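The chain below stands alone and is given in structure tokens; this is the form deposited without the ligand.
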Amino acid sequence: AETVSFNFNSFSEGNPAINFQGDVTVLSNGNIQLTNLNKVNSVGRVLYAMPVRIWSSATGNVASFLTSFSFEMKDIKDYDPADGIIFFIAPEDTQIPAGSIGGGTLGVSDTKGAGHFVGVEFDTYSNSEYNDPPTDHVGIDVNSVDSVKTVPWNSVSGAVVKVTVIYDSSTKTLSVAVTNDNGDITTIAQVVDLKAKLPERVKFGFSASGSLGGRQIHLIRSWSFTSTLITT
């Protein structure tokens, strides 16, 4: 039983348990603001500093993990509410794509929307070049922002959104449950073999981005995580 577990009710600069990339910033109240409102094509990513072993090439086993986080997106006069936030898993050498154009790539893909990652996005701007549905949505991404699956969702400015994710290694199922301000929940699940798409050791994080005309406040308020690899 190999278990990595952490809980964040707030954040602060200096904590060695978390890595910042790009235009990330910690607010006095302890929240993480992922993008910068004055930069064009902004990109902000926050990662748990320590890599986590999600599978052993020895036991062949794959870990299960339970994580939940709360975020908030808020409009600002008078740019378009873009582009959203993404909870991702990637190789430990994961950096903000070079020459990132931000926007629809969400800071995890190249200009074509390709990359090495597995994630859950909370997309609030429609990008046709990536085949986005016409409305706000939640999608499961596997090496591309061209979601492997999506579900209609509604991003309510200033609302605090609570998310719960469960990965069952046995069925290799990734289930997501989103709790909107109104109390309604949105779910989405997709079978993804983490052992076949990611390396033994990976990192977990949040990413968000904007464009020239599209910018909003992307806030990460809290994050608790727990993985458990069976060794034997």
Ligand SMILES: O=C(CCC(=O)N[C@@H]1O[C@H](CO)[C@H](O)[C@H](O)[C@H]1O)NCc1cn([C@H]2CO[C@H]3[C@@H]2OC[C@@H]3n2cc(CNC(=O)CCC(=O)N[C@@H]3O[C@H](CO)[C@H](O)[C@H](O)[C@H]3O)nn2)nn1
The other form holds:
Protein chains: 4
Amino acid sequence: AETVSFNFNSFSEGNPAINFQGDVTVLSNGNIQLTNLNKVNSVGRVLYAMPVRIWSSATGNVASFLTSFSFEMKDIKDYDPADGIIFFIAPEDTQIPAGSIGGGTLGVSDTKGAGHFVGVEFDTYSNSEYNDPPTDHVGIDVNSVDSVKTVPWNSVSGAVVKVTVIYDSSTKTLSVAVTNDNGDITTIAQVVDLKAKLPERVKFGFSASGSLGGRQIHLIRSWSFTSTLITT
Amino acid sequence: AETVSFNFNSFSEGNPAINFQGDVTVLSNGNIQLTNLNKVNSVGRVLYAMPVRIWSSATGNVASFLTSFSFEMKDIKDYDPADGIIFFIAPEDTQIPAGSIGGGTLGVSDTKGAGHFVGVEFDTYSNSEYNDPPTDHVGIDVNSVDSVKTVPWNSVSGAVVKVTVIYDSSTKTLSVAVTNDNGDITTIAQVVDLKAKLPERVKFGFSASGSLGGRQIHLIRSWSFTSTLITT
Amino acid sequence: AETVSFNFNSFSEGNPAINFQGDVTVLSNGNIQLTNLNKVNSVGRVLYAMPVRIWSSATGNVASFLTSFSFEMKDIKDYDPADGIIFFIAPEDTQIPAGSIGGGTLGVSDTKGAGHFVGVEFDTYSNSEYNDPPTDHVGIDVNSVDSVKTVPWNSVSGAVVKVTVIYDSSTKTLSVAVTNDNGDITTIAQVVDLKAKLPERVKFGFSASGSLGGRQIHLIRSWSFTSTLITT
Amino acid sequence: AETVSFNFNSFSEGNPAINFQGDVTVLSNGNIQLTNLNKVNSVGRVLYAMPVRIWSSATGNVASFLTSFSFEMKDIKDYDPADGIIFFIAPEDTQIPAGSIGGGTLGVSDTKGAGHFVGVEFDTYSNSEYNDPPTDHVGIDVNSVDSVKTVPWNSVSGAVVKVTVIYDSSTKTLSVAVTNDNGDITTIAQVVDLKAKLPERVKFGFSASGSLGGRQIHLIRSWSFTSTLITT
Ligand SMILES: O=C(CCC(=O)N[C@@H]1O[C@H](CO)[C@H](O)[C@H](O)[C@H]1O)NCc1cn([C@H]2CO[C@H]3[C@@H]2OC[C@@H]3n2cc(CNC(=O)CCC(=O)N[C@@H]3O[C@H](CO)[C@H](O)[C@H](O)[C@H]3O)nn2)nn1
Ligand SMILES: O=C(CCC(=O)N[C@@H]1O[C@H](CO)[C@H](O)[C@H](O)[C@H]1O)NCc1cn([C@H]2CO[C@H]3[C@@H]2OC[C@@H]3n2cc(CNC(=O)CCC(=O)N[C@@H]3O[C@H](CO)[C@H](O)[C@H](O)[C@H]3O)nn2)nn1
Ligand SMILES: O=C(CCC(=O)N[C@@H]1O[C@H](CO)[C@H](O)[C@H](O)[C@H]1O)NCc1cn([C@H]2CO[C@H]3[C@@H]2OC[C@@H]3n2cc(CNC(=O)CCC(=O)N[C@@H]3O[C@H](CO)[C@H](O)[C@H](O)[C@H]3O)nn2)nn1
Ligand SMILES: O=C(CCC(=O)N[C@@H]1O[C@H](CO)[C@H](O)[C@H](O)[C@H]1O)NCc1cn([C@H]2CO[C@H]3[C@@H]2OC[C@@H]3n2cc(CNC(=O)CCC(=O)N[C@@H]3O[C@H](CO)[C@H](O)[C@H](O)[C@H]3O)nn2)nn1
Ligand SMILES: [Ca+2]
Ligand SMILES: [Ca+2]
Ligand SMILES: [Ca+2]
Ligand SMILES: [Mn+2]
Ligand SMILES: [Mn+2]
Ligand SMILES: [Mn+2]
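Switch from the form deposited without the ligand to the form deposited with the ligand bound and print that structure.
Below: every chain and molecule of the assembly, starting with the one above.
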């Protein structure tokens, strides 16, 4: 089998294993800060630099994967704590959408909320234009920030959040477990056919955005990943 | 919400938080050893002593859970490396089946392979009587060691194996990710309705067994768990 | 710290983690075959596709690394069993030298034997033009196939050879242990300053070559690697 | 060429291939447990029972060696996690020092920290009396627990640690690569003249110790070794 495996306990500028897009910076403590607090419609994204072959047009086989990551969102004075973080999967050529308005697009979609990606969003602002639920939520996204499914959640300012994601290729199930600061777990799961929605070669990563009035600290603290694709 | 949370980095026999059944021992290094290498049809099981409420007859709500554990199976001289370990969920009064033959029953079922439990098995011996696949496998079990579903796997002697399990109550999906020695990940997922198959209060644990000619070292190294049941 | 880790138990065409250069083919059993047995001056090379940051111009720190691989060289009828395999480190833009004569150049150097690379060679033909010792040898190469140091060795046709390499950044020591078919070990070690000889970002890989009369089967069976760079 | 080669995937009490010294026990899972958790100044050691000819008095030749082993250190309640494990080389008659205080001596030296041995220590307690660095470390020891050289390291409780050691006789270089749980590699290398510091035949092994307050689980899980001495 063909396996991609990596582990990030911290990050650094100049690591060729990571692609930095837009307003991303690396802090002295090793955290990735995705948005620029002094910029309007800030968008920042980090991708694992090596494309991952999630399915093969030759065999028809689809990869399974296990990934864990930790993040932190923290309020800043005067601005609305917005807009959130999205763990996403997209074609290997993926770039921040041209003329991105940031905000509710989470740096992955156009103004209408459409894009070419699969993702798990940690949404901290209710955008009526994307049919967002009224509270903070975890959502499963398939080519749109108008989520296929959401679950109520609570983004606590300054809290370290732990996420575990399992994609089971045979059932096409994307399962997510979110470990909150109050000790409770939040789960969400959805059948998503990655072979039907995405090309063979993809990139994995994180994106976050803000607006003129909606800004917060978006931090990626750690990321581990393993994908395995059965080969002929 | 109602949350049960625990973490075992090590295990000890004086700790009332675990119930010990059958031939199980705790080694001085802190590991749980489920079977006795010198006994015919050895069966050893371990359960978290406190019953966990997984669903409510009042609200109809079912808990979600995230659990991770690590185990090790190691070959012993002159014996077939058998039979395997099962992570299981059973009614709170669960006991080793009376007159257990161990072996392919994995200490949770009768001779016909039937029992009252939901489990994830790490099977290392092909029992034709339980329609086992020809190789080592991970199976999702619902009241039978004749698995609802299996996935090929490889039990590497002396390797530390890491497992992550997500149960998403809304989709009723039990998703499993197993991290092997060769670096590959193996996943298996199955829709299992816990309300329909198990009582409101259950015990979680591990079981392993052997036969006259089938024996191996079965070890539980660590276990973390979090369940959350919505009470509104 | 910044760590790069990978493990290849087998190889496949289409794996984005591997760059194929020249006459390389992947066999149905998963082995990489580096040279074409029917081509004059055949050269084949495989590289890990991601550039590896081996030193930082910001901190002055140099990475340490541990790598293991298994290869096989097998005689073919009538041709001289030549020329061997080189495990090498080179600038990220590395290509087979233009107008390569293959042969004693091992696909990494020009006709005079000069190139931009650091390598461990498994040399099976004595090239007087590169001051080769009279027998098969393991050599440490610094920008030349005229080795800084060599040790007598024996390339056994059809034998699986295991190699372990340690690069200790603090002492700048490259240490090699070669495990033969007859059970004996061969070692060679050399102080090589990678920060002085190579750029910050590099590619790691394997190269092999042949000539008109010098041809043999050159196989790469497995490859594991871990590098760690202290960050500040 | 005179070669010594062995492989231990597990260990057993009834095997004359290993010499057991002091408080050492074999657990039912096959691991060697070096210290007794209920004893003051506990010292336990294991040696490969056959002496290894590391050098010739006839030719003046010195052996090269390649060795790999895996170990585990685990914290125990109410005791300081101390003192660590040493992989050592000593005269064939080597015994635990008479009236050993255990602790910082690592079971290989006297109260002043002096002994007759060459070793690689995995030291988890800072002994100012042996000029230990302030954190956990890997050290290269020559007749003293006051290390010739150290490198900062981190002993993770319950983690399986893999070590690879290369001794290159021509450069007299002892190179060590330590693979941690967080994925990082730690290396240390030192020129050590084995012919000048040790006798013709030596014993290879492992030692660990504790004190009244400093105690932890010290486990040896596996050990492979190959040495080759050129006889021509
Ligand atoms: O000061 C106070 C009271 C302070 C306070 O805490 N008061 C508390 O009151 C309590 C009881 O109420 C208690 O008494 C308590 O003791 C007391 O302390 N209010 C007055 C007040 C404060 N802002 C803030 C909050 O919301 C406004 C303003 O600052 C940011 C935000 N904005 C509004 C706008 C206007 N553009 C637009 O609507 C067009 C574009 C637009 O909305 N894009 C969206 O902007 C979002 C962010 O708002 C997202 O990023 C979206 O994704 C993005 O699409 N752009 N940015 N607006 N009005
Ligand atoms: O020696 C060799 C070849 C060894 C070898 O390495 N050969 C190598 O081959 C190489 C090339 O291939 C090379 O040539 C190499 O040079 C050469 O060394 N075979 C001859 C041989 C060896 N056993 C072993 C393996 O299987 C047998 C025997 O030892 C264990 C097992 N059992 C079972 C019994 C007693 N029954 C019963 O209890 C009957 C009921 C029964 O089968 N319950 C099941 O028993 C299982 C375990 O077998 C499971 O636990 C099941 O869950 C359980 O239901 N009693 N024993 N049986 N026959
Ligand atoms: O048949 C036998 C004895 C066989 C045998 O088993 N004899 C046994 O002896 C026993 C007792 O000892 C018993 O009596 C037994 O009964 C008897 O059977 N020799 C007569 C004989 C055989 N070739 C062979 C070996 O070497 C020659 C020939 O086949 C291959 C090679 N090449 C080379 C060429 C074309 N040049 C060039 O390309 C010139 C440039 C050149 O030399 N580049 C180098 O070529 C190398 C490869 O040779 C390397 O690849 C170098 O890196 C490369 O730089 N074209 N060919 N040349 N002459
Ligand atoms: O409880 C606490 C804080 C616990 C804690 O978690 N605090 C947390 O702090 C957090 C924020 O920081 C939070 O606030 C949190 O809420 C709070 O819980 N300290 C008070 C405290 C605890 N021991 C421990 C640690 O060190 C002592 C004690 O237990 C073991 C050790 N020993 C030693 C002895 C007996 N001597 C001798 O034998 C003298 C000779 C001696 O020192 N040979 C050396 O002993 C070593 C081992 O200590 C090595 O083995 C050396 O190789 C050996 O040479 N007898 N005992 N000594 N003093
Ligand atoms: Ca939103
Ligand atoms: Ca040559
Ligand atoms: Ca110490
Ligand atoms: Mn949303
Ligand atoms: Mn050469
Ligand atoms: Mn020390």
